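These notes concern the structure reproduced below.
Only a single protein chain was left out; the remaining protein chains are all shown in position.
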Amino acid sequence: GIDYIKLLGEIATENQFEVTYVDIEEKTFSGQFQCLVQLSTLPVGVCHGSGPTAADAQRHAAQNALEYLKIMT
Amino acid sequence: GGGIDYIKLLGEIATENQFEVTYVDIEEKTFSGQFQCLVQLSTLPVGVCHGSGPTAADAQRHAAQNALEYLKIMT
Amino acid sequence: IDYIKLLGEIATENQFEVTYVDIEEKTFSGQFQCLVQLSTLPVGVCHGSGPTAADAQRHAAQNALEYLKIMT
Partner (left out) sequence: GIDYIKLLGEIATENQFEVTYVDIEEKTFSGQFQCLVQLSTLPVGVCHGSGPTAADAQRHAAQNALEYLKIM
């Protein structure tokens, strides 16, 4: 049948949205599978960090992002 | 044993400002050989759309169908 | 069960808004489709189908009650 997943993909990107599928584990009352589709605006910012370990790189990245948010409200 | 806990602070501030934080560990190293991480900042989704079906795939297809109808209403 | 009444009661209690939108165009199989929006955070959106506009709305409310369970 009509591929809504693909069509949604086209229309969402074309309107600058991102699409995230979440499969829910709990069924409906009638025993059916449930899915949530998230529409997001394009992300705000990508902040960079580097360090001697992956942990340090992550933590430095967070450092950068804190400062960025402190400045961009 | 100390220092500043950036991941926790970033967590808190992001939350009060309604952002979600995603850590991405990068494959390549810097020139001096150090690890790289990207922190991606995104907002709470505009809409979360629901779908149900007899199979997980159907639940996905119905969820998409709903999202398309919703997108029509906001565009 | 009257799902529209129950959804409305849950909304007034938990202080959010419920907006029904009767989609003018029909589904691929030619049925009445309705959309319900919850002013939750994030905003919740569910879909309903049926032989009348009333049935579509009830099914949308029904699904909205499912959505709320998912999100505690």
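All chains are identified by letter, namely A, B and C, in their written order; residue positions are counted from 1 within each chain.
As a convention for this text, contacts are C-beta pairs under 8 Å (C-beta built on N, C-alpha and C of every residue); 3 or more make two chains touch, one makes a residue touch a chain.
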Visible chains in contact with the missing one: A, B
Residues in chain A touching the chain absent from view: 42-50, 60, 63-65, 67-68, 71
Where the unshown chain meets chain B, residue by residue: 3-4, 26, 28, 30-31, 36, 38, 40
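Methods note: only the chains that are shown with their structure count from here on.
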Junction residues of chain A, two or more chains touched: 24, 28, 34, 36, 38
